[PDB]
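Taking the hints into account, I'd like the entire structure generated from these sequences.
As a plain string of letters, each chain reads:
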Amino acid sequence: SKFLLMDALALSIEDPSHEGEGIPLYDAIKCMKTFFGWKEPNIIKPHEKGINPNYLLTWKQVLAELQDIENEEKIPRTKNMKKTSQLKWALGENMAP
Amino acid sequence: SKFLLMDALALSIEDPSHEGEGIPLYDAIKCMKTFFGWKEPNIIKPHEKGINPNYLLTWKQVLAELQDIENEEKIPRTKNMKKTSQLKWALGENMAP
Amino acid sequence: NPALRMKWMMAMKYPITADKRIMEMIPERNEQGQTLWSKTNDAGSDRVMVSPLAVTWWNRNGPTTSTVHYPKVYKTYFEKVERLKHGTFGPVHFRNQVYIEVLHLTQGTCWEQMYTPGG
Amino acid sequence: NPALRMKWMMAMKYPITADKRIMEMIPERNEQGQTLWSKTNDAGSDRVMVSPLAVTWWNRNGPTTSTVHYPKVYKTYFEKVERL
Amino acid sequence: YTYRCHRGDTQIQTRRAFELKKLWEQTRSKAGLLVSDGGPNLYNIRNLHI
RNA sequence: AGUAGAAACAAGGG
RNA sequence: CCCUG
RNA sequence: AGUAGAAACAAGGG
RNA sequence: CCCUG
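Just so you know, the protein sequences line up as chains A, E, C, G and B, in that order. In this text, residue positions in the first sequence follow PDB author numbering: the first is 280, and each later residue adds one. In this text, residue positions in the second sequence follow PDB author numbering: the first is 280, and each later residue adds one. With PDB author numbering applied, the third sequence covers 42 to 138, 227 to 248. In this text, residue positions in the fourth sequence follow PDB author numbering: the first is 42, and each later residue adds one. In this text, residue positions in the fifth sequence follow PDB author numbering: the first is 557, and each later residue adds one.
Among the clues, some could well be false.
Stated by the list, open to error - Going by beta-carbon spacing under 8 Å, a handful of chain B positions derived as facing chain C:
no., residue
1, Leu598
2, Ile601
3, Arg602
Claimed, not checked - Over the 12 Å line for every Cβ pair with chain E, so calculated as not near, a few chain B residues:
no., residue
4, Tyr557
5, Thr558
6, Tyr559
7, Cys561
8, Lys577
9, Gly595
10, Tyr599
11, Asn600
No lab work stands behind these hints: they were computed from the structure. No residue lacks a Cβ here, since even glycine has one placed at the ideal position from N, Cα and C.
Next up, the structure:
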């Protein structure tokens with residue numbers, strides 16, 4: 280399936296200001312800021328047919344971009360990830376003959 | 280006095296996400312989004328020794344500038360007013376001999 | 042798919058197109074400062090771009106004209122609502138299976242509803 | 042007024058200045074992704090800019106040592122507490 | 557949710573919220589407003605042809 | 001305009 | 001255009 | 001790698 | 001660099 284069904288877990292917050300359609304990135308950041316238990320990730324169940332470290336690098340990259348959001352003159356609505364090597368491989372770039 | 284004491288009225292909201300020190304412009308916009316009773320401003324008690332249409336235009340200008348926040352690629356942290364004629368007169372620009 | 046196309050089009054600022062005389066009747070700014078129309082002209086014509094806020098402003102702030110004629114020209118439609126309002130209903134009978230106009234409500238797969246129009 | 046000067050200084054990213062070996066003991070990012078030090082070097086010297094997060098990182102994650110020399114050096118203060 | 561013509565008393569914030577709320581407050585009979593102007597819903601099985 | 005009160009600000013130099 | 005609060 | 005299943009995507013032209 | 005989904 281495209282997403283987990285029985286194993287899903289959610290980080291939840293409250294928004295009493297009923298916005299019809301707001302920017303979801305800020306909701307994501309506000310939900311993230313409610314957790315104080317992060318630690319160093321590691322791989323426990325690997326992917327046999329893929330390069331595992333690229334996934335870990337992707338996760339760390341997403342965290343780094345979220346923290347970079349703070350150091351900006353103006354807050355953006357959408358975050359375009361930098362075209363890195365791990366994202367080039369993970370999204371199957373330059374594989375068509 | 281610098282501010283009103285007995286006649287002060289406030290627009291109130293509730294922020295459960297206890298931010299130590301957040302941007303105040305967003306708070307101002309949120310407090311202004313809870314009021315739906317705006318109408319056309321008019322002068323009832325004028326300032327005898329001043330140009331009152333400049334004050335009226337200043338209020339209309341802040342109202343317009345606040346709405347101009349929505350049509351931006353990235354939301355700013357601080358708003359910079361435009362050096363318009365009414366602001367030039369009201370803020371006493373180019374008055375020193 | 043036109044549905045998603047309009048879903049995206051309605052998100053823009055001025056998705057509607059209007060004429061140039063609109064600028065003489067409704068103002069450029071709301072009572073709160075919201076913009077209603079823009080100076081840019083449409084491509085291939087002299088029309089201008091307008092936002093739905095202009096439609097709502099016109100509906101709640103605009104010239105008023107008598108609409109006595111409307112019921113006369115649309116007489117067929119109003120006759121239907123009159124007949125529906127003045128009709129009388131009845132019990133439902135579950136059994137094996227001016228009137229045709231309401232056929233979607235009287236008959237059914239395995240039930241019958243008693244209906245006599247009020248006209 | 043120095044008070045408001047530091048009130049402003051703490052609002053920046055890297056107000057503190059440290060040496061160069063700091064890059065070898067504490068990492069450039071937290072477990073959550075927060076930057077600790079910047080590659081930019083101090084003006085007029087070779088020092089490196091560091092944010093206060095580095096201080097807390099060191100306090101909670103860093104080398105440990107046995108301290109049985111501080112009280113002997115600061116004997117008067119410890120005597121003050123002992124008498125009280 | 558497509559045309560953003562929510563109800564008049566609903567507390568959902570949108571670009572058209574101010575105008576819809578003002579129009580709702582102006583009117584005397586709130587049941588005559590179109591669904592496009594933040595009115596109520598009157599359609600039912602017996603009304604699907606009008 | 002305004003602050004302020006026995007004299008000043010309402011920008012200065014290149 | 002630069003420097004100064 | 002991945003989607004997918006009797007044949008394709010994983011960008012094409014200048 | 002341009003055009004096309």
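A quick look at each hint next to the structure:
1. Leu598: It is violated, given that the least Cβ distance between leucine 598 of chain B and chain C is near 11 Å, above 8 Å.
2. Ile601: holds (6 Å)
3. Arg602: holds (5 Å)
4. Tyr557: Holds, since 19 Å exceeds 12 Å.
5. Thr558: holds (20 Å)
6. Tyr559: holds (19 Å)
7. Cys561: About 16 Å separates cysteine 561 of chain B from the closest Cβ of chain E, which puts it past 12 Å; holds.
8. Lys577: Violated: least Cβ distance 5 Å, not greater than 12 Å.
9. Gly595: Consistent with the label, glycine 595 of chain B stays out of reach of chain E, its closest Cβ about 17 Å off (over 12 Å).
10. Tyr599: holds (28 Å)
11. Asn600: holds (31 Å)
Of the numbered hints listed earlier, those contradicted by the structure are 1, 8.
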